[PDB]
Structures are given as structure tokens and as C-alpha cells.
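Could you put the whole structure together from the sequences, leaning on the hints where they help?
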Amino acid sequence: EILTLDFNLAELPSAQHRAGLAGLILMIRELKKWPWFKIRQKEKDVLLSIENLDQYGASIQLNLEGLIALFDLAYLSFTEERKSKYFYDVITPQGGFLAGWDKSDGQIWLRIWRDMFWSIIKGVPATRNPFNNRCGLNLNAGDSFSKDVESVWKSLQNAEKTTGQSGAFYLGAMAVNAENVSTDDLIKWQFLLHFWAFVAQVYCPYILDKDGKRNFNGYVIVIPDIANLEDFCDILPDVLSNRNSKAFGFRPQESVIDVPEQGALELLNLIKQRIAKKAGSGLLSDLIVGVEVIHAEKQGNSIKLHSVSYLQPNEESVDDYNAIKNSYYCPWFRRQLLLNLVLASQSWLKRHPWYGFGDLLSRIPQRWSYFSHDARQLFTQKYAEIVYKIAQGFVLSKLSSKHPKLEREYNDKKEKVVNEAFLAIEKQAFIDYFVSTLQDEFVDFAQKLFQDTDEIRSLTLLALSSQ
Amino acid sequence: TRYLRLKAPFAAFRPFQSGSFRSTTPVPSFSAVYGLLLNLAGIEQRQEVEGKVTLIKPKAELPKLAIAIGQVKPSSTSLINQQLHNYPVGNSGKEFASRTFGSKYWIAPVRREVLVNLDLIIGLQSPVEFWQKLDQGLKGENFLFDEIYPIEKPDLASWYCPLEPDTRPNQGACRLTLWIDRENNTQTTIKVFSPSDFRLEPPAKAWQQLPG
Amino acid sequence: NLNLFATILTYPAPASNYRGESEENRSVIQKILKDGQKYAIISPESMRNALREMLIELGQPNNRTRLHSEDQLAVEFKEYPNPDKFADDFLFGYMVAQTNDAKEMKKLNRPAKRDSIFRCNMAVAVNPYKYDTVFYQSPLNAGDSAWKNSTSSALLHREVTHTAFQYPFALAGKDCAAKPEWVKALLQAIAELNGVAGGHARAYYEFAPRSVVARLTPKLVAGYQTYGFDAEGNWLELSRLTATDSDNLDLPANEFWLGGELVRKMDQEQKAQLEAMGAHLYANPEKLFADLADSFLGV
Amino acid sequence: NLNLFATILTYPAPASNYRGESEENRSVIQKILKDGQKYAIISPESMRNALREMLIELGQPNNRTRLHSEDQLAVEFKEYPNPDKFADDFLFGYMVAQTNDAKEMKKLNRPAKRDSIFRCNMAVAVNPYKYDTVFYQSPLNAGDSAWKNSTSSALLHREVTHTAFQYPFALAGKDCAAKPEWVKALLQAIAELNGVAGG
DNA sequence: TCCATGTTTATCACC
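Chains as they are written, first to last, in PDB author numbering: chain J, 7 to 91, 117 to 373, 379 to 404, 410 to 423, 438 to 458, 469 to 490, 495 to 507, 513 to 541; chain A, 12 to 152, 167 to 237; chain B, 3 to 301; chain C, 3 to 201.
Simulated from the structure, these hints should not be mistaken for laboratory data. This list has only true hints and no planted wrong ones.
Quick list of the computed label-pair ranges, beta carbon to beta carbon: (1) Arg399(J) x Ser118(C): 26 to 36 Å; (2) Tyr360(J) x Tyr20(C): 39 to 49 Å; (3) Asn65(B) x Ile215(A): 39 to 49 Å; (4) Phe27(A) x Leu75(C): 50 to 60 Å; (5) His70(B) x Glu25(C): 39 to 49 Å; (6) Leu336(J) x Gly62(A): 29 to 39 Å.
From the three backbone atoms N, C-alpha and C, an ideal C-beta is built for every residue, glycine too.
Encoded structure:
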């Protein structure tokens, strides 16, 4: 028969509901770009037509054969062999349209997406029951499965009816942490939630250890809130096709982030660059209203959540990405000021007090120089070039009167007193000689030195660079 | 007609169906506001029943009123991870099936979060009898409310208003609920709300009429 | 026809409570961004547990015990709480089961699903946190024992601080007149608070009440916000004593008696007469709670 | 039935608890921030170890001792020869694993966890200190004999201070099982506390 | 209404 459905984005309560619409639209378009789909249309009279495509509404018409073809494309899986480092094979889904757009080296981005799909969303064996059975089928051989399609088609007849949710989708409508009461939903909404994962972006976080190893754990999921359905489906084909191909071990360079906010903000940077490349699109807000950030991790038979956030995508953070690329490359603890920027938080980066937590951890392990000598100088005060000239003159005078491994001695000498300066959280003696070695700025010395905090920790840093 | 201010040092407004990990919203939901207003009125809930569900509230008779919400200063939030009272979701067995006296026996901690400070200027348009009943309750014979005093005319602040599909919002709340009973129903349609920062009185669109 | 509520304070001493969720090799404590600083927080649950432990310690019967189970901690030794007497100390007879009381006709009583008495807030510190550290050794249990040795011995860190803890009380309910003896025993147990946080035996901290002072008219909570106190120097004065002086006839000082046991040390007389003629006695908090309970149960 | 607790202090003298883990050129002891000043700290673990050692001294049955014959810190008698039938102060020590003497259920019916009857707290100073005070020096090497071979020729200094300090302690009264001769020995040993330091 | 299972990948960018 013929079944017609209509949908609107003004009534969906969840962002994933909106994402699933774009996902299924992309799946239908991918179907329309395959010769075997046209062969199936010619033979079995497959019906799948998008009627209305506008800013808000959407329409679709389909038959049983079209639904079967869509299920075959979406739930296609294959078998992969893995060796321990006694052989074992792992069933992995094909990925749908993702294979049609991934041209990166080895499809390493596809590998990350596939791992998360089986690992968290599909932790329940349900993916495996459906996925393993599906695996190894040949589309060119006419292989198909319809046992599960019949139940869905019968359920889809009463789209207004209700049915319970499951852990495969967003979780919570189970026990509910209070009272043995189920949830409220309608059937056709649940069906749309079968394709929201494809649109989602995946990032891999990690935790620093004492040795500095990138201990990857869990995943970071980014969910966009689509405003204009018509415009959204056009930019993405080039956004996902222009990803950086840089590889670092088993992961891409961009796949490694520290805080969850890094992944969401990085997506905004990528889209606007493609907006500058793909004409017909203006501001970010005209395409995305909100961004969802999810941190998840699987341990044993249970999945543990850490943080759920959704806040105000903006366009004033473009310079931040460039500010950290040229700054975070050398050290590993500069991420703290990156977290600082993300009523009294507008220009808080001027102070940027990233000295407290950063210094305590790196005390024992990461102690093993002048790279970070000036870093603590600004924190001590909470004026600089004058002390540099004072120190230079003292050493020059000392050698004048007396008239390749000094770098290693230089590093050790300052470390002996930088460490003791950390613990202070005599100081007027060495400067007393240096001044003696040497006037409005001279008047300002009295007012900038008599403070106890300045006496305790400020004046005893810059002079150490001399000897 | 007349409106009033309130403040409190700590607060928590958990969205429903949160699941394992709990969350909160910067602004209390409309239903919680209505519950607070009913509690301060001294009138008990229409339902006196006990069982699996205890929110059987037909809308046949209930005083009518219009509610607006203000917000004077943004507030941050913190999280605490101590313990939670788990509801069994697995076949389980053993000890839980032995005693069974309001058991809730399985315990597993995950997370939750709370606010740091709250101070709101709530707006109400209500008949005179309800206002008089509130006056009698406040003056007469869970760390949520600290003190209340009506300073309506001064102390201006920002307000909230539903947004139509145009432009873009800023610092907007995620979800909001108008009326709900914890059984099979349609919940509420309008979800997205956004604030506007301006000094004078909120516009006519800001006021929302509750069906209850 | 009034619901009096109080506010307590504790003597300074090093902190003991650890809040778990240990990161790397240190066990941390939750903090709140009150004014961009760090503070110590004790959840109300542990205090409720300590109160229940004290009630079971003083001989009051109850039907709930959490024992040291071999596998993992659990709460048991309970039955049907059909009578609120001898069960649940008139507080929180929670139940969610559907097969309850044979579907409730045999009970003929309220299931006590949400009857809440003695609502309480959560304690906050008075001083910031300055990143202290104390070392930790934990040597391997043995090199030859049958019992395992964790395969290694590792040294770790801790952090502690010395801080008081102000605390609002928020006692309410004019219906708690059925068992005045139970109310008096509960108030005495609160006056005898000790070992409230189940932190650990060594480096123990105790809540010694001191300058426990707050009263109000038969209205709802207002007035002094139950917070805003200095670092143990002089706390109630700048909070509300100036307002009481300016409102000696506006806010009722006859029922809102004086504040701070420190009045026993400085400015005793001036606070004695020129403040008010109410029962401003402060010698021991025990007798203060006793006669306050007597007055509250009187009407 | 009769709880008790006390606070004790001692005579002034130079400090002893020298942690000395800061760096190669310094020996920094633990400090606490009290009212804007710095005060000395001695952790309760040192006092627990000293009490255990004195219970060893007085010819009291024991279930734990050190060996001092291993590369790193190790304790042997704690877990090797003991079924945890009766600890020193009835501590009845514990450790978590998949199994522990068949989960110590069948052979010896005891709770998996412990008791912790005794209570104690941190020891804090009474007056602050003023930075580094004392100097030091180290020899070059073993010289003619080639057995040390440190090749250091180092020259360092440590930190000392003069302060008397006090600490409290407590003890419950309802615990009266096997009390008459066990706990009184501990209370008598409270009077000595000679070797409780880090050097 | 009540019977069932699962994991497998090592490491890198500064003066």
C-alpha cells in the first residue's frame, strides 16, 4: 500500500528528534543516489518520495518495500577480524551514508564513529541481535530481511498510539528513580529516533597521568539543534568531506580534546569556515540554535554519565581556536586558561588565574625551566622590563671587574630557587646590591615594593635569570 | 495587579525523566511556581489519595491566575555526588524479594547538582479573593524559600517570554512545563523560552495564563 | 501555634569529612562558588543518619538499621510501619511498593508516603580553602602472606582545613504534640550532637553546639537569612544585632531572645538590660533547649 | 556507659618530625595554615605506629611487626601469620579482594570490615616558625674504598624549629569486652610516647 | 507473563 507521514519541527521537545529528521532525509537522499535502489524500484515497485521540503514542515510517502530498503541500508553490517596484542571476529555495522562521504586516510574517522556506536548506544545486546544477523548480507545478491519490518510497519499504522521507550535511545524512561511509572510518548516519534546518531559528531577525550600518556576514556557527543531543515541538509555534505586527515597513532589529531566544551566549539569553527566556502548561508544562528554536549563511558554492564550540557552557541569565540593552536602546542597545562574563557565573566581572561590547580599537580611528576619562569610572574603580583635591565647590569659589571654547558647550569640554578619560591606561598638583600649597582619610575619602586604580598613573592623572580 | 519578590540561598529544580544523572534549570518551572503559590495560600491539594501515583488532579475547579517570572542576577551551579535512592530496573532478586517492606533496597550513587543562589521577582495577576487569602496565610491565623516581601514597584529586572521561529535567542532556558500529571497524557507543547534584558515592565506577551 | 527554628555553630578544628570521587591520588571535597571561593559542604543526609543513630542510641525504638554487610552496605531490619508509634520516629515512613499493606484496607492508616517532619538544611563552612596537603603511605600488607598485598605500595596525598560550620535548623510543624517526650528526646539528642559525619575514626571532628541562637514569631521563616557570619570573630552582631537595636519595638525582641554564648564574656550587662526583658538566659545549651521545648509544647 | 577523652601537651624543644621530601637542597616539614600563619603538623599515623611499638614492648600479644629488610617499606607480621583472631586494640584489620581465607567466613566467622575502637586527631603547634634556620654538610664519598661511589660532594641544609605542641584523644566507654587487662595497658602506655617522630 | 548475555589497539612537536 501507500503510507503518508507529515512532521513539524515546532513540536519536537528534544533536539535528537530534530536531528533524526535530517538523518533520515540524508538516508533517503543516499538511497536516491544508488543504482541498486532504482533496480529495486523497477522490480519490486519501491515507493519512497519526499513531498514537502521547506523551512519548517516535512512530508514523506513510502511503501513496505521502501521501508525494507531503508532498513537494509541503515542496518547493514559486516564482520571484521581482530588479533589480540587465538583469533576473534567482531561484527561491525557498515555505517550507511558515512562510507559514501569518508575519503580520509584509512577512514580512521569512520573507525571512531563505529566504535562509539557499538560501545555505548548499542551496549545492550539488542544491537548485536539485530546487527549480527544482518551482517555479511549481499545487496547485489538480493538478500533482504523483513521479519522485523512487519512489526514496525504494523506499529506505524497507528502512529498516534503509544509504546514504551528503550535504552537504545535516550535513557531514563525505565525505572525513573522514583515510583514504578512508565513514560509518555507516541509511536511515530520513536521511529524518527532511529537515525539521529548519524548526524552526531564524535570526539575522544583523555585524562593526563603522571607520565603524560594520553589516557583516552569515554567519548564526547555533539548534538546540534537544527533551525532551518532546508538549509541544514545542504552544508553538511561538504563539512564532513573536508575534515583534517592528520593522523596521530590510532586517532586523528582533531579527535583529541581535553574538556567537553572543546568539541562543541570546534564544530562551530568548522561550520563557519564551510559557510565562507558554501554560499547561500549567513550567520551560525540562522543554521544552529543550540548545541548539546554529552560525556559517556561504559564500565562492565552499566553505562555511567558524567556531564550533560546545552548552552548558547555563539560567534565571538573564533579567535579562541587560533589563540590556543599557537599556544597549547608546546606545553600541556595551558588548557586551563582555555577553560577560563568558556555578569562577571566577560573579560575575566585578563586576570586568567590558572596558577592554583596547575602548579599543585605538576609539582612532583612533571618537575623533570625558563620556559615557565615568566608564567608565575603575573600570578605573584596578584615593572617587568626594568628588573631585566637591573639584573643584566650587575652581571656585566661583575665580569668587567674580573676582566657551552652553561645552559644546563642555568636550568639547575633557577630551579633551586624557583621551587623555594613556590613554597613561600633575605628577599630584600640581593635586590639591595643590584639597586646599589645601578626618576619618576624610581619613585614608583617604593609604592610597588612595600606591599607584603609583593615582598613575599613578587620581587624575587625576574632577577634570577641573571645568575 | 500586584506582584512580589523572593530570595533563597540554595535551590534545586530537577527536570522530570532525567534518568540516572540529574540536572537543573536556571529558572524554576511554571508547575513548581504554581505549587509554591498554592502552598503559601494555605489551601491543600485537591487530591487526597494514596497508591502508585499521587498526582491525580482533575482541572474541573481551580482558581485562575496569570503568572510571569523575573530574574535579576545570573547564578552559577555546583554538583554533589553522594548517594541516590535507586529504583530496581533489572529482574534482580535475593534480599529485595525477602523482606519487601517499602524496600527500595538496591542502592547505587551516580550524581546530582544544585544552584548557588536564587533571587526572583515573581509577577502575578490574580483575583482579589486569592490575594486576600495569601495575605491571611502570610499574616494571620528542603531549603527552597528563605524570606518573602512585596517590593513590586521598585527593583526592576529582566523577564522571560516565549520566542517564535525568528532571529535567535540568548541565555535561554532549555525546557519548561505548564501543566502535567504523572500519568499518560500530552504533557506540554511550548518548550523553548528566552529572556530579554530591559528595565521597564515586561511586555504583554511576557505574562502567561495558566490553564489551571 | 508557633514553629520555632534555630541556628547552631561549631568550634574550630581540622576537617575530617572526605567526599569521595577521588581524582588521581587525592580524595577531594565538593566546593561551591559562593563568591568565587572554595568552601566545605556536608550533605543533610549524613546528618539525618547521625540523628537516627542517636535516637536508636538513647533507647527510642525504631525499625531501620544499616549493618556492616560483607558484600556491600545495605539497610534492613524493617517491617510494616502501620503504627507511626515505635516506628520511624514520626518522620519519613517512605514507601513505593505497590503490593503494600495487602492493598491498604487492612492498614486503615495513611501509608506515611510523604509525611515529613524536622526539615533541615545543609551546612556550610566559614573559611575558604587554601590547598593543603598531608602525605599518605599505605605499605603493602605483606610480602609473604596468603592475603593479597595489592601488588605494590603507593604514597598519596590528602587535604585538610580548620573551619567552623554554621547551620540553620528549620524546625516546623504545630502537629508534633502527640509525643512530647519524643520531641524532647530529639531536642536533647541534637544538643548532644557528636560524630555527625561518618568520615573516619582518626582525625575525628565533632559538632559541639555553641551560641545556638534563633527565634521567631508564629510566622514563616524570614528576617536574618540564617547566614552571613564572619570567621568566628564576632558573627551574630553585624548579622542581626544592629537590626534588633534599630527595631527594638519593630521586630519583637520579647520572643526573639539574645544571641551568642559569647555574651557571657564581653558586654554581658549592656546586652542584659538595654536589649530586652525576654528570657535571654545562656549558661548551657542543654537547659536552653529544655526550656525552649517546654515553652513550645506549652502552646 | 562512661565515655572519656583528654588533651595533652609536652615541654618545649626543637622539632623532630622532619619529612624532608621537598627537593635535594631542602628538608621541608609539613605545615598548616592557621589564621594566616604556618604551624607544624604531626599526622596521627605516627602516633598509631608508636602505640603499636609500645604494645610490642610491654610483652603484649601482637599480630603485626616490621622487618626493615626490603627495598621499600613493608610490613610482614600484619597479615602473614595471623588469622585476625584478636588484634592489638581489637582493631581486627581488613583488606578487600575476590577472596580472603575463603572470604574469612567458614574458618573464622568475623565481619569483613574492622572495628576501630580507638580515636585520635591531628597534633598542632602553639606558635609559628620563621623560615630556614639550620645549616648542614655532606661528605664527598667513600674516598679510597670503592663501595659507596656516590660522587656527590654535596652541600645542603635542613629546617628546624623550637615549639611545644598539644593534641587531644578520645575513648568510648561502652566497649567493655576483654577490657580489664587489655585497654588499661594502652592507657598506661599513653604516658610514655617516647619514639614517635621521623628521626 | 520471565528467560536469557558480554570484552581484544600498543606512542611523539621545542630551544
